[PDB]
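Here's the letter readout for the chains.
Number of protein chains: 6
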Amino acid sequence: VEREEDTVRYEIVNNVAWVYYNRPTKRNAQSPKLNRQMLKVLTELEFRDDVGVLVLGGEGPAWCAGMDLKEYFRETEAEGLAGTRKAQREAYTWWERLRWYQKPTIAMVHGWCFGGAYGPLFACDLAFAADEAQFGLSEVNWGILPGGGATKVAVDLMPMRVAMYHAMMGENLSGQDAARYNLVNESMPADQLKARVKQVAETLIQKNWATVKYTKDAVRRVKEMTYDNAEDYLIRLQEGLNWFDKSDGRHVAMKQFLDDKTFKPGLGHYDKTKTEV
Amino acid sequence: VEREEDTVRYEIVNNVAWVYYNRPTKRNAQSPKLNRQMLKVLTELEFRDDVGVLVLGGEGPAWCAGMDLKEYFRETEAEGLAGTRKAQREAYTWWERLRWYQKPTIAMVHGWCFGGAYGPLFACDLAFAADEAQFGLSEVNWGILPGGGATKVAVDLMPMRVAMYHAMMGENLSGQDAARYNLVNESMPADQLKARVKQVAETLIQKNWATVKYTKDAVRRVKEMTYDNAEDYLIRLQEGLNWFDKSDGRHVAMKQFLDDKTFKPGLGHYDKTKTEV
Amino acid sequence: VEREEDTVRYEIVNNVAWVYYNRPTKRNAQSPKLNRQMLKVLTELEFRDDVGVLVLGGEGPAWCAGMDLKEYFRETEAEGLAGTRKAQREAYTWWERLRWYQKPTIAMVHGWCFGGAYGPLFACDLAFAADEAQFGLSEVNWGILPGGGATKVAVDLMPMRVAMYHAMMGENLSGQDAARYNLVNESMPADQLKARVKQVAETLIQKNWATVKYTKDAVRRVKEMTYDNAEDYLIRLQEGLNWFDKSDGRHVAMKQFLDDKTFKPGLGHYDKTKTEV
Amino acid sequence: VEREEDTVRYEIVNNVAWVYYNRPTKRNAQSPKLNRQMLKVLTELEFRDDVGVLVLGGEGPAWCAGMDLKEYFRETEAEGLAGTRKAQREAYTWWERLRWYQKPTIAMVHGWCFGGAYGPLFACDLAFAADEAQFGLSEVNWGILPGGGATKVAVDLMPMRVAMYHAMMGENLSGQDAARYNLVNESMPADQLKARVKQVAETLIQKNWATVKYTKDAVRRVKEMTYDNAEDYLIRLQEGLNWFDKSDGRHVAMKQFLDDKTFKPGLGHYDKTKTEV
Amino acid sequence: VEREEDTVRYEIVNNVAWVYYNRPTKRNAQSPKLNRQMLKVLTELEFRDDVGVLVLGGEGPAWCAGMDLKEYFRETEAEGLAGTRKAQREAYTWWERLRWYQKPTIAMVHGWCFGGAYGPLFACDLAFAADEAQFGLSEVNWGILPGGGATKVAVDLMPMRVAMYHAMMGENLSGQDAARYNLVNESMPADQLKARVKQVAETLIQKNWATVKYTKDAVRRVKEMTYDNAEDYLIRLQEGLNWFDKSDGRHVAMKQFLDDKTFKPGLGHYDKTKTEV
Amino acid sequence: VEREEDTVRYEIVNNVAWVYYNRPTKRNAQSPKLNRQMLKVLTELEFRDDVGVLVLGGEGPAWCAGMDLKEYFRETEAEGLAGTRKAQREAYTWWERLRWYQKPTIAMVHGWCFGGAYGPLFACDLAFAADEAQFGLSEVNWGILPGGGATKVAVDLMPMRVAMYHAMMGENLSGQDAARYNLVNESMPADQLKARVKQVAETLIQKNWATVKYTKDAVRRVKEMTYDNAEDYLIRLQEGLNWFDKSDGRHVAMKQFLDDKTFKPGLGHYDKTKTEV
Ligand SMILES: CC(=O)SCCNC(=O)CCNC(=O)[C@H](O)C(C)(C)COP(=O)(O)OP(=O)(O)OC[C@H]1O[C@@H](n2cnc3c(N)ncnc32)[C@H](O)[C@@H]1OP(=O)(O)O
Ligand SMILES: CC(=O)SCCNC(=O)CCNC(=O)[C@H](O)C(C)(C)COP(=O)(O)OP(=O)(O)OC[C@H]1O[C@@H](n2cnc3c(N)ncnc32)[C@H](O)[C@@H]1OP(=O)(O)O
Ligand SMILES: CC(=O)SCCNC(=O)CCNC(=O)[C@H](O)C(C)(C)COP(=O)(O)OP(=O)(O)OC[C@H]1O[C@@H](n2cnc3c(N)ncnc32)[C@H](O)[C@@H]1OP(=O)(O)O
Ligand SMILES: CC(=O)SCCNC(=O)CCNC(=O)[C@H](O)C(C)(C)COP(=O)(O)OP(=O)(O)OC[C@H]1O[C@@H](n2cnc3c(N)ncnc32)[C@H](O)[C@@H]1OP(=O)(O)O
Ligand SMILES: CC(=O)SCCNC(=O)CCNC(=O)[C@H](O)C(C)(C)COP(=O)(O)OP(=O)(O)OC[C@H]1O[C@@H](n2cnc3c(N)ncnc32)[C@H](O)[C@@H]1OP(=O)(O)O
Ligand SMILES: CC(=O)SCCNC(=O)CCNC(=O)[C@H](O)C(C)(C)COP(=O)(O)OP(=O)(O)OC[C@H]1O[C@@H](n2cnc3c(N)ncnc32)[C@H](O)[C@@H]1OP(=O)(O)O
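Protein chains in written order, with the entry's author numbering: chain L, 8 to 284; chain V, 8 to 284; chain E, 8 to 284; chain Z, 8 to 284; chain X, 8 to 284; chain A, 8 to 284.
It should be emphasised that the hints constitute simulated quantities derived from the structure, not laboratory data.
Possibly wrong hints are sitting among the right ones.
Using 30 angstroms as the maximum straight-line C-alpha spacing, the simulated BS3-like pairs for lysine-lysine come out as follows [stated by the list, open to error]:
1. Z:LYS33 <-> X:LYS271
2. X:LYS271 <-> X:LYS205
3. V:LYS47 <-> Z:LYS77
4. E:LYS253 <-> A:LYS253
Quick list of the computed label-pair ranges, beta carbon to beta carbon [said to hold, decoys possible]:
5. V:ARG187 <-> Z:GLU82: 48 to 56 angstroms
6. E:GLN206 <-> V:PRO68: 48 to 56 angstroms
7. E:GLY275 <-> L:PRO31: 17 to 25 angstroms
8. L:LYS281 <-> V:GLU12: 36 to 44 angstroms
9. V:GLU82 <-> Z:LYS281: 34 to 42 angstroms
10. E:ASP138 <-> L:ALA197: 29 to 37 angstroms
11. X:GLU178 <-> E:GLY275: 48 to 56 angstroms
Just so it is clear, CB atoms sit at the ideal spot from N, CA and C, and this is done for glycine as well.
Turn these sequences into a full structure, and let the hints steer you where they fit.
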């Protein structure tokens, strides 16, 4: 998409950064330009005290139709290994920046999600789809295996049988099927999707943000640990959150529940407006 | 709950130990008193030749509403690190004793199941819920991450997307949702739950008890092994069961199927009354 | 089944090897004869340029009712450890040959699938069941734990709760339940099953066969890797596929999509008839 | 050793708890009495503000000659599985309490170290031996495999070849050989051993104690992680140490090096007497 | 080496099977003929009640100079993938049969040990070298990476730095260096090697053979487990050894130590001649 | 070191890129300027057809004295979390670029190597030290745990006991000790070090460069795999090297050994001047 700075756009609304792939006429294909610009935008939004949540959406009828077969594959193969490695590092680096983002991330998938879009899909903590969205590991249909981690995304989110069929047959899952097999959290009609995402973002914004970061990372990390190692790890993490959370939110919440009896944590969030312990 | 020995109760009925969290007016919150008494009760029931199955239920409207914010957190923080570590070891030790219990374990979850109740929920081999039960990682709602292993429980039982939403949003799953996402085996109306649990216990009691112990441990252990390592491990385990099972139940069953033709193992259990090989 | 060479049969139809367990009157039980003959048949079909897909079905009312309690267990125990180890190696070796087969594999499960049939069930990449099929870890019902890897199969395919219940209770899953819990891909009436399998095989045959092999192995392998290790591994695999695929199918497909615009990989396979890059 | 409270002794000298196995005439064999008393002593010393280091030594000519063949094995086998499991839990629990101890631990091994003494040997962070000490996995010589984790100790400390020979041949390593193969840190004549241990303890006491705890745990934990997972884990740990260390020792040390230039951390410890940042 | 049955020879002496690679004039290169014959010989010796130990040596100046560049590589590449896979399976299968052998195995390495000889070298439990032996990952010197697992052998036995240098530089280790870096147990002059191996074999033959098998497997297996998983695994293994060991050697040994006081297991093996418990 | 472009220097000599940390008067401390410039230099040298090997040395009396306590820690803490994360990503990213470098890497450590220098030390494939070099995890001496992966470096290279002592005691290893415990490959007098490194580089340059890359990565990767997974992985890697190596060096070498008999791979590298197969 001619200018690099035009390949991604964003708006800040009510402390949510709404970030969009912005190559609509190229179905939001991941070119090196988009991969560099997406990192730049993610890097500048990450530690803004007024950005609580990042939503990743797409302009036009695609969410993301994968890597750019022209600009990511053909043009880089022409500059040899050096060009291939530079292009790969640009794509992998922004998926990783999104995966470990300081703020909670949400995929808003209204349309086409193919191939190398699976990395960014997985890198979002939560994911909400339109019924009319279509998800495919289309890689087998153009003679390549599902790289950019896409095979691992399918295996880490979906049942083995479902991942195997998805990668071998290159057939598409509807939003409803993507939700049934846990590729995404939920599917709904396209005309309801933005409002649901906005509601989820507004709920996260009400939580202690430090607590949400430590929790979302804990979920990602304890997948790659034994039960017994994860038990000790979660204790170590809470000691870190104790340092990070200057608001001392656990003591604030304990006072509101035990002493004030103004909320029940089983039924709703503590009031982080209040600061008395 | 004033006296330590009153924090847990049990009944033995038809070789099933029905164990209940017994702090109903405190929603069965896990205080250090309950954590010590639960270990004591589990330890004394474990190797009783008349206890075939242990069911973990709760008195009052909660199953278990998590750790006691007053007695487990506030009062122990006041005695410093020493008090915190003593309290943590008491909670972790009984969840582990339950997780590796000599006898099959069943969670009977009729009501509230929150936070640090996830360890005991996972430590039960099987789990049956009331439709009216509510399951939550409420930790984020009082500003802490889901410790006492609860994050790992969510990740080891439920699809990653579901675990992520559950831990970040602190919203509750109904019994039906808890069953759909494999937090529990089944959900049913509260008025049907005890009878279903009683039926499941009576089925396990009819199996070779040594076989059930070796099998339930095998399921837990092979999650943390490669396929190829698990293949050899399962051979090693059967050699152990051969030693442990004095009834020589595999030869008893082989005679009943091959020679007597009185049962078909695909369709029902062998008669462990009979002892001829 | 008296002669070893009669324990397995196959037909080649439209480049699909239809292989059948052929001990119908013994419910296709895995005897040492069948284990040796199944390896021999799999070994001779594997690298045939006219075999694109292998389907594993069964003659008679069983798919596979497990190991032969008479010929695999009783008769080998009578020749001691030496006989037991020889028999075990014959069973494990053919399940492994099937699991890593050069060609895509499909389980066509019309009927009984018990115990040590789980290894071959898992060793097939894809699996399609009749509603009337019945799947059981019947091992607990004859006093043994689910060996021949069967416990690991249950844990690698199904949710932990479901695997635990399945192994401890020795109750059977219907085809529909086997599909809901991802033991198989799909369930349908028995009279529709062969046609669905034939359709799936004919779709795989249309893909680049080298691409399908590399992909199906990738799915199996990345389960046993961290996300970050799997990212690099998938790059290494594509470099291998580049060598293996003399048809240079990725460049063929790129031309058809970018230059010719005759297909869209999100919506269907490239035409591997064409050879221009 | 008739009274349980006599099976272990300790002295506090210059903030070092010198703990000794105290069954000299039974070569410090681990009986259930000693296993219970060792946990009690470790538990009461752990969080003493005047205990900086714990040294584990032995009275008489043995350090520890393993499990008590009479009181740990024979007498417990006589009370059946229940007695065996109680005895095993008592031994495993104190080795684990020592392995994760709040304070740095040192093994002072002057003499015999056999079998089930390997768990406590490994559970000590550091280990110093007399030339005249003798270390053996003597288990094979009395027909058992090296349990109580001893096989794993040998594999986690020594080269595979050395561990294999040690476990299969049941021959003894001298102190010098134990040091060459990294079973211990150092070996020296018995008459020099206590002074070296005293010197090592006095060096640890001069460090920031919170820093030593976080570091020693980090070493133990990162063995069971991939490089890339360990990188993130070590960041999480430092955030915890930031909370735990009220002395804010990293800022104290930075001032002494950058501003005051009174020490060089490459060459010695910062002065934790000073409190200015 | 013209006839397949001539590629391997063996002698039985004092219950030790002395097996030799027998292609001396081809430096004992692993051809498909040798790979098939080595499996056949290993398979027939394994469960002989008069074979306690297997030693793997070589005829002529090589132990094993790796895979046969002519018969294993060139001739099989000429029959395509099918020929390559058949040849690979023959080599891998016998290395694995040796690695998990029922009996203890010893490598007697008097001379050249190169490349694909590392699999068999590692598959032997113990290894003894001549000073004049030379060990090399010569693969880099003929433009291939160290396959047949050789890279993994180097990493599992030697320090990472040593393995890296060994694989990248294709320079040779002397016997003494091979012992210093734990590729083998010991190095000695060639004229002393056979007698040392004979002495080691005669020591293993005096141990309880079932105990040696369970122990040697435990060492190999606990490398691929967390400490805490290995603790439970070793308990499971002893339950298996209890079944396998009809001699009830642990009770025999306990009587000889506790009651008879005729041996000290720290200092020597129990007398397995005696059978009283 | 005032200008960013001055913090690193390099020379190309005989196809070796000699790269030096260039803040001699600050003992080559890793400031954000150096971390950015080191990535830039590594990135531009990596795919130069005239760069076969990269050596990492240091100007002045240090190799690398760790992170810059002023510019990496103090100044970034002053810009908050955003500044800390930016600085961490710059350091981690260049250590990783070096660790997976297309070309073989060598650490030339003539002097001080402290703390956060361990990441770059480990990221070099090979390492050669001066006797007068001093290696320390000095972190404990300034009250922090050994981050920037340094703890993991110590555990992945050195015996557990040695790593534990090194991290807890903050005492320094000499070059000779660093070599004995496998932190580096070799130690020699400082006046011999450059010539030895030059000789090692000139040997690597004579090998097939594609072969060296695939091999060095294989060594790093198979540490984090089971034996059985590593066996298959190494086959996959050779298929990749077959694609990457246009020189078809394995067939060139096979001709020189089998047909021409001009070299013996056990004793030296094939002549990659020659191109006939
Ligand atoms: C660390 C962890 O494990 S987090 C613990 C789980 N976190 C939670 O969110 C549960 C905390 N408590 C809850 O929200 C309860 O389950 C509820 C509020 C949903 C139950 O609702 P209700 O039926 O309305 O009960 P209510 O809130 O009135 O509780 C009744 C009593 O139980 C006590 N109680 C309930 N949960 C807890 C708890 N986790 N710790 C301590 N006391 C508790 C209440 O303080 C109250 O005590 P009081 O009447 O003596 O003042
Ligand atoms: C170790 C493992 O893999 S466990 C093996 C699986 N375990 C099982 O529970 C299956 C064992 N057998 C079964 O239960 C069968 O599938 C059944 C009974 C459900 C099939 O039901 P039916 O259609 O009624 O068949 P029926 O039991 O009459 O079997 C027919 C024949 O097959 C034989 N057969 C069935 N399964 C097996 C088996 N696993 N091993 C050996 N023979 C078997 C029967 O002995 C009988 O032989 P016969 O007629 O020559 O005497
Ligand atoms: C390596 C990977 O990640 S694989 C990439 C994913 N693979 C895929 O199968 C997606 C490839 N493209 C698709 O199939 C598209 O999503 C479609 C065809 C389903 C979208 O359908 P349509 O709405 O009919 O769009 P259409 O195919 O006409 O595409 C519109 C434009 O986007 C371009 N485009 C679409 N996807 C890509 C892509 N992945 N790379 C580059 N350009 C692309 C098309 O070339 C076309 O460009 P043009 O009009 O300038 O010639
Ligand atoms: C987080 C980590 O990586 S920990 C960093 C490693 N930690 C350490 O212990 C090293 C810290 N520094 C050292 O101890 C040095 O290597 C020494 C002191 C051993 C070198 O000894 P000397 O040769 O006597 O050098 P000296 O201490 O005088 O240092 C010379 C200059 O380098 C600076 N310097 C040395 N190391 C560092 C460092 N790690 N960060 C910042 N500046 C440093 C000194 O401040 C001094 O600056 P100045 O002269 O402008 O005031
Ligand atoms: C399961 C495990 O952990 S295996 C335990 C370790 N196994 C071993 O091989 C050690 C067993 N015992 C030994 O061999 C001793 O260390 C020795 C024999 C080397 C010590 O040698 P000596 O100094 O000659 O001591 P000796 O054998 O005379 O033992 C002295 C006393 O300690 C007792 N004792 C020694 N080790 C043990 C033990 N592991 N369990 C129980 N009692 C023991 C002896 O029975 C004897 O008791 P008695 O005098 O009341 O009859
Ligand atoms: C894939 C892998 O496993 S790599 C295999 C290991 N790679 C190697 O570097 C070893 C290859 N061969 C060697 O270098 C030999 O060990 C040597 C050269 C060191 C032995 O040195 P010498 O004693 O001088 O023996 P020489 O090279 O003359 O070999 C004698 C015979 O053995 C043959 N031979 C030796 N090694 C091999 C081998 N790996 N494959 C096939 N034939 C071999 C030689 O071709 C020669 O055959 P010929 O006399 O019939 O023509």
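Verification of the hints:
For the proposed pair Z:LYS33 and X:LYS271, the alpha carbon gap of about 13 angstroms is at most 30 angstroms, so the pair holds. With a CA separation close to 25 angstroms, the supplied pair X:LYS271 and X:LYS205 stays within the 30 angstroms bound. Of the supplied pair hints, the one linking V:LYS47 and Z:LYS77 holds, its CA atoms being roughly 27 angstroms apart against a limit of 30 angstroms. Only pairs whose Cα atoms come within 30 angstroms are accepted, and E:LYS253 paired with A:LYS253 is accepted, the gap being roughly 15 angstroms.
Restraint check, V:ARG187 to Z:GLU82: a C-beta distance of roughly 51 angstroms satisfies the suggested window 48 to 56 angstroms. Taking the beta carbon of each, E:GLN206 and V:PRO68 are about 53 angstroms apart, inside 48 to 56 angstroms as hinted. As the Cβ distance of E:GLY275 to L:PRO31 is approximately 23 angstroms, the hint placing it in 17 to 25 angstroms holds. For the hinted restraint 36 to 44 angstroms between L:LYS281 and V:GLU12, the CB-CB distance of approximately 39 angstroms keeps it satisfied.
In this structure the hint that V:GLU82 and Z:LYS281 lie 34 to 42 angstroms apart at CB holds, the actual value being about 36 angstroms. Evaluation of the 29 to 37 angstroms hint for E:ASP138 and L:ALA197 yields a pass: the beta carbon distance comes to about 34 angstroms. Separation of X:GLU178 from E:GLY275 is about 54 angstroms and conforms to the stated range, judged on CB atoms against 48 to 56 angstroms.
In the structure shown, no violation is registered for any of the earlier numbered hints.
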